[PDB]
Each structure stands twice: as structure tokens, then as C-alpha cells.
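Single chain ahead, by itself, as C-alpha cells, in the form deposited in one PDB entry.
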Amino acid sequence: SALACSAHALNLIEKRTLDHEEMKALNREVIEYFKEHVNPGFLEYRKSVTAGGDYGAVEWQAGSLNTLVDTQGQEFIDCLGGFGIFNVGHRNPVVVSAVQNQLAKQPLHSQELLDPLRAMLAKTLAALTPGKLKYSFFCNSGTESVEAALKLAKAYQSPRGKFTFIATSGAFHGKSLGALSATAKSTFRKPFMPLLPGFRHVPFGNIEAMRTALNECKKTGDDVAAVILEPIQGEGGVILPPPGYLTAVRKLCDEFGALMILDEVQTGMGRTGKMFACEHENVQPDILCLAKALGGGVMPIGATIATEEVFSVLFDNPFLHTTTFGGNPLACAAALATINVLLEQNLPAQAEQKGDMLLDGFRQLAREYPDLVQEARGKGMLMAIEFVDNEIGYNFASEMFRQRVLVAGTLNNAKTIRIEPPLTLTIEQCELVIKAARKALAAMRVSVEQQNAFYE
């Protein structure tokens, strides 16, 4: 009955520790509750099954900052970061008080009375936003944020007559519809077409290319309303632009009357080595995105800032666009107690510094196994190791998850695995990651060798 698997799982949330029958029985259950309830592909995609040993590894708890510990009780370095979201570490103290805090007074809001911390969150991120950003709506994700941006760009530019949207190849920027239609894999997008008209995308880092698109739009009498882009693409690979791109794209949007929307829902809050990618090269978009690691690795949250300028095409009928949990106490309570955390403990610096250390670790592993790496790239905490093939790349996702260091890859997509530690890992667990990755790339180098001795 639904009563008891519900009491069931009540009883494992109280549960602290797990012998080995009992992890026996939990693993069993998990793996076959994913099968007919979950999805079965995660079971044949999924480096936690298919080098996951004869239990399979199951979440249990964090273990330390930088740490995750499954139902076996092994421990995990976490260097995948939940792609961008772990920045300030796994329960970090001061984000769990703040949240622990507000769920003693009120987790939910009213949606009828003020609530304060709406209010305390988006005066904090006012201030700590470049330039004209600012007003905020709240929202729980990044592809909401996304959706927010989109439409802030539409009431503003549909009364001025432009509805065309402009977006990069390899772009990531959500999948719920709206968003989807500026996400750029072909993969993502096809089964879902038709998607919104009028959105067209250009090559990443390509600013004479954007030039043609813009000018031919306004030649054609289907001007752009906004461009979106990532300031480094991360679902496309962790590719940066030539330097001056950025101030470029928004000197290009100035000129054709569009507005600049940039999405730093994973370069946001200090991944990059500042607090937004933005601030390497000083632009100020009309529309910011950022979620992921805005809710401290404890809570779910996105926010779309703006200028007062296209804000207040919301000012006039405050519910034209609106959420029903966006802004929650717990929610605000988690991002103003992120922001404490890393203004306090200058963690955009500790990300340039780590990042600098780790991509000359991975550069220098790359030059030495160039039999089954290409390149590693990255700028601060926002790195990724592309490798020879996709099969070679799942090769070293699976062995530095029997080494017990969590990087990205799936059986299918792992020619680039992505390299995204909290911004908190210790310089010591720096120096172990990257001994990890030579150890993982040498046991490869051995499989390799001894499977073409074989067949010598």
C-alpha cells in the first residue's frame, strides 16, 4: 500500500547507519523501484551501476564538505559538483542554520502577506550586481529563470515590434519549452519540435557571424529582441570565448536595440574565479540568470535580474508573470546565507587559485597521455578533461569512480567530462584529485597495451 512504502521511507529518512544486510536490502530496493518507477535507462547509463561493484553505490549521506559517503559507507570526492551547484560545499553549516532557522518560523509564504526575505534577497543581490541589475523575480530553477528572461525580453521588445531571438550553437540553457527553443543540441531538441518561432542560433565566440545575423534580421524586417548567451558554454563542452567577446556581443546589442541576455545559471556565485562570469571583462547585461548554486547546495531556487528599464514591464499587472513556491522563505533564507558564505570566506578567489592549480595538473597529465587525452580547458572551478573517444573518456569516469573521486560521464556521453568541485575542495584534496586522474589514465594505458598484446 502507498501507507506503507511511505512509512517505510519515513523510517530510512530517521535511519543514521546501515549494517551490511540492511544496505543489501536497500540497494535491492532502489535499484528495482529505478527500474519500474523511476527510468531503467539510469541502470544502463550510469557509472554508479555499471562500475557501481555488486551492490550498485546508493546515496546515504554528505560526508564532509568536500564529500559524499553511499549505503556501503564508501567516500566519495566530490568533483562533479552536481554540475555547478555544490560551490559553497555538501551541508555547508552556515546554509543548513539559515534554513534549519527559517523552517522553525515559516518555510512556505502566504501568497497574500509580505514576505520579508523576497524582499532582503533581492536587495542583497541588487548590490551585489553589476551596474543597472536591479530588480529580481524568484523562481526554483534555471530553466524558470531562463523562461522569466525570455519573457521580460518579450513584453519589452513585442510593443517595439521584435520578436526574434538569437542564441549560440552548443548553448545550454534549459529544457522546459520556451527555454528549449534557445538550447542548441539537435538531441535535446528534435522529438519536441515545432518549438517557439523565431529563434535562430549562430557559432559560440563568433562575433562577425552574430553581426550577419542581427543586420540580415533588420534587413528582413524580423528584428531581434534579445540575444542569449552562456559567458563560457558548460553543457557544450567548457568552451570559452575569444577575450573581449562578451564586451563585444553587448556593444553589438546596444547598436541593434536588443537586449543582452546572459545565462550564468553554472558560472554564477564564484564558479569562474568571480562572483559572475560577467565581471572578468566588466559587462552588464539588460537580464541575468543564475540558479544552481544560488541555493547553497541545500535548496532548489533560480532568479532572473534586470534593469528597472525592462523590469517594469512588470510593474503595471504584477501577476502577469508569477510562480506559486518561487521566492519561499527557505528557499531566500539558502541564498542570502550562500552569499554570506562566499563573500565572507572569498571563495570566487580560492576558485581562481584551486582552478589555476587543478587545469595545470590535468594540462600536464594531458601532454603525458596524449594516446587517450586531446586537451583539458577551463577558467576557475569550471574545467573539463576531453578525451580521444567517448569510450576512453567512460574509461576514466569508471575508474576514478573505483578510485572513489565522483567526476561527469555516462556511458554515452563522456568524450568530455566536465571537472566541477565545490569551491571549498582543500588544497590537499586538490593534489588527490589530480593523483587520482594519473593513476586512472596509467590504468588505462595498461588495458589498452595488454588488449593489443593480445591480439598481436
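Positions refer to the first chain, counted from 1. Rigid core here is just the name for the largest C-alpha set that superposes within 1.5 Å across the two forms. Compared with the form deposited in another entry:
- The only C-alpha among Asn390, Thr426, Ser48, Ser64 that moves by 2 Å or more between the two forms, given a superposition on the rigid core, is that of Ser48.
- Core-superposed comparison between the two forms: the Cα of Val30 travels less than 2 Å.
- Once both forms are overlaid on the rigid core, the distance between the two CA positions of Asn39 between the two forms is under 2 angstroms.
- Relative to the superposed core, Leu406 shifts its CA atom by less than 2 Å between the two forms.
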Second form
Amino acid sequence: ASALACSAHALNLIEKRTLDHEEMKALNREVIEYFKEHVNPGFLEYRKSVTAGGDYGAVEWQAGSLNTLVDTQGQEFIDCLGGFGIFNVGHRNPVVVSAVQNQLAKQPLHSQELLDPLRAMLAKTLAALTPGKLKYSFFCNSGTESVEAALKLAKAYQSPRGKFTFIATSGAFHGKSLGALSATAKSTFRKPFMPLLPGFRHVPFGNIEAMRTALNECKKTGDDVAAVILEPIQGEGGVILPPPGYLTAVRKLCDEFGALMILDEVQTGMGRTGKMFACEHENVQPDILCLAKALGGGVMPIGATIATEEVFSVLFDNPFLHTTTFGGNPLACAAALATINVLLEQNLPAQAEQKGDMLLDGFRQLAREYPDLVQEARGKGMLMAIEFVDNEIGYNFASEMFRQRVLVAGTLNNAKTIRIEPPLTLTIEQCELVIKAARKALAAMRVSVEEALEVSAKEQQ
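Please move on to the form deposited in another entry, as the form deposited in one PDB entry is already shown.
Shown below: the chain alone.
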């Protein structure tokens, strides 16, 4: 068809709230054809590996309740994926939806010349919400943009001081824009795109001595380290918790060598680990803090890079040194201001702690019961993972859970590991249903394995 015809057919679909069997069958059939012909036929192959065929062709339609998703066939899913840590305050949180709706009625995007007042308000808010000397905020549209901004603040601070080297950690995930991907550590994500930014070096996560070595060797050779960047807990790494005091030691180590400390709280921020930021567990103040995902309330894309006056002041003489067109737009600021208001009003950080403790205990118990399938369960607050024995078992679990209308998925920088990242608003009853679904899934998986194994050993001579 013409573009006009397709743009029309699609606006008509946006208005529709419901689909009869025929409208559903037609839309499902279209979305699969169009993913294949215009988006990525690879996404259809992946979703098959993590489903029992026919289930891969599930099409999102609307939010059910705070903690559920409904497909085009009316099937309601409990959300333990949380859009990879976006939906901290649930799906269509009425307070966030309200703030966005209200700003949409006045001015959704700004001129970038007149002072936009929600930018000023969210910056003031984030300054009050953040620890210590974190004071200035730069707004962008994603995690990867927030990391680019951080790397850039560090570069501008440190190049006149003669420092250009950056240290990241293996298993680390900081985004996929080429500046961010220089810090991202997974080989398969980096190799095609090399050469990446020069002067990026990786040490093991949670190993302070390896990091000391790297900083010291860089100092010896005249390749002095501008910054260390790390996640307080590695998400895509498979929920990798550092040894206690590690973050505090990295801060002293950065202080000693005159390197800037960059904390990537894109995925651990906005209450998910049981505090507003995972750096609050140790009362660690980085030089630069990166936020996205949940900051937009599961309604708007937004990122934020917050830094000390000492570091951020690099942008004061020429405020156009770093810019973006959409960053700090009124819809996004409204969504973030709502999200902070919701998390604080309802003490959802405290809820994440209680519910995470409850869920992790549940999973650790299933791990004890199914060591043939599960290596270990880890977490902190509502950031959790189950590591299975091998990759194919992890995929069978994702499918079994999906069959039972519970939504989980794999981690990026870690195969065979399933993230459990539900909304902080997940109810105690849903928490219990999740554990029962997990149990039913593991029992079904054990049968599959035992069956196969008989149907194999038969082969001999």
C-alpha cells in the first residue's frame, strides 16, 4: 500500500480498545509478516527459542493492572521482566499517566531557547534526592545517552589534567552507542564495531586488587586513568553482587589516583535494590551518577546524568558543549517528577526490600530442591536472577513460565541466567503466585529432562 494508507490503518488500530477474533487474527498475522519484512526476522527466531511455538507470536496490546500485561488474545501476564527495570512503579501508574496527560495538554516538547520550568524542577528534585555533592543534572533520552554524557563530563574534566584512560569491568553493560559500548564488556556486542574509543580497559568486577593494579600500571606507563565506570550490581552480567565494602574501596581508590568515579545506576536506580540508589547501601558518593529506565515511570523515555559542581562546571563557559534536542523535555520531566513522587509517597524502596527478600527466599528454596536444573538464585531487592545449569534449561524455564502467563526473560551479558525484575508494586499474592509458577515450571522441566535421557541412553553398541 501507500504510506498514507498504512499510516491511516495504524491510527485506526491506535483508537481501537478491543479486537474480535477476526481483528486479532488479522493483526497478529500482520505484525509477524512486518517484523519479518521490516524490523528483524531474528527477533522471531529468538522468541521461538524461549517459547512452545504459537506462543512466540504473542503481540502486546495494553496494561492489565499495575503488574500485568495483556496480549491481543486477552491473555493476562504477571510481569517479572519489568521491561528490564523500567516498570518500577507498575504499568500505567495513574499518578505518572496523570502528570504526562496534564503536560501533554500544555506543551509536550520544548523550544530549547526559553527556560523550560520542569527541567529546573526535576533538576532541583534530583539534587535533593541524590547523595552529598551531586548537584547538577543533564537530561537525555536513554541509559546509553546518560553514559555518553558521563564519559564526556569525565573527558572534559580530565583531558586538561592529562588523563585519557577509562577502566570498566568485565560482564559490565553501559549501553550500545559507540561511546557507551567502549565501556560495555561483552565480546559479541563489541567485536563487530571495533575499533571503539581508544584507552578503554577492563578489570574483573568485585576485585579491588585487580583494579588497583590497572590504575597503578596506567600511572607507571604515563596512561593515567581519567575515570572508573561500573554498575553497583551488574544487571546484564546476571545480577552480580560485589563483595561487601567493594564500592567504598573503589571510591577511596579513585580518590587516591585522582580518577573520577562513574556509577551506572541505569538499572539499579529508582528504588529497585531496596534503596532509591544502590550506592546508598554503602553511602558511596560517585563523581557522576547515570539514571534511565524506571526514572520515566514506565511511560516516558528519559535519562539523567548527575555530577558534582566541580565536574559539571566544565559545561558552564560554553553550555552548548554537550546538548541533545529532546533531552529534559516537559513530558519526560513530568513523568520523572511523578515517578519520584510515587516512590517516596508509597515507600516502594522499602517494599522492594521486603518483596525481594520474600521472592529470593522462595527461589533459593527451589534451587535447593532442583540442583539438577538450577545452579543458584541471587538478588538484592527486586533485582534478582536464577542461574540454570546450562543455557537450554534457562530457555525451557522462560517458556514454561510464559505458558503459565508469567513474564521473565534472559540477561544480555550472561547466558543460561533468567532475570526476575517485577514492578516494585507487585502484590504479596502475585509474589506467591510467581514462586508457585516457578515450582510448576521446574517440575515440568525435570520430567522433560528425565524423559529425553531415557529416550537417549537406549543407543548402544
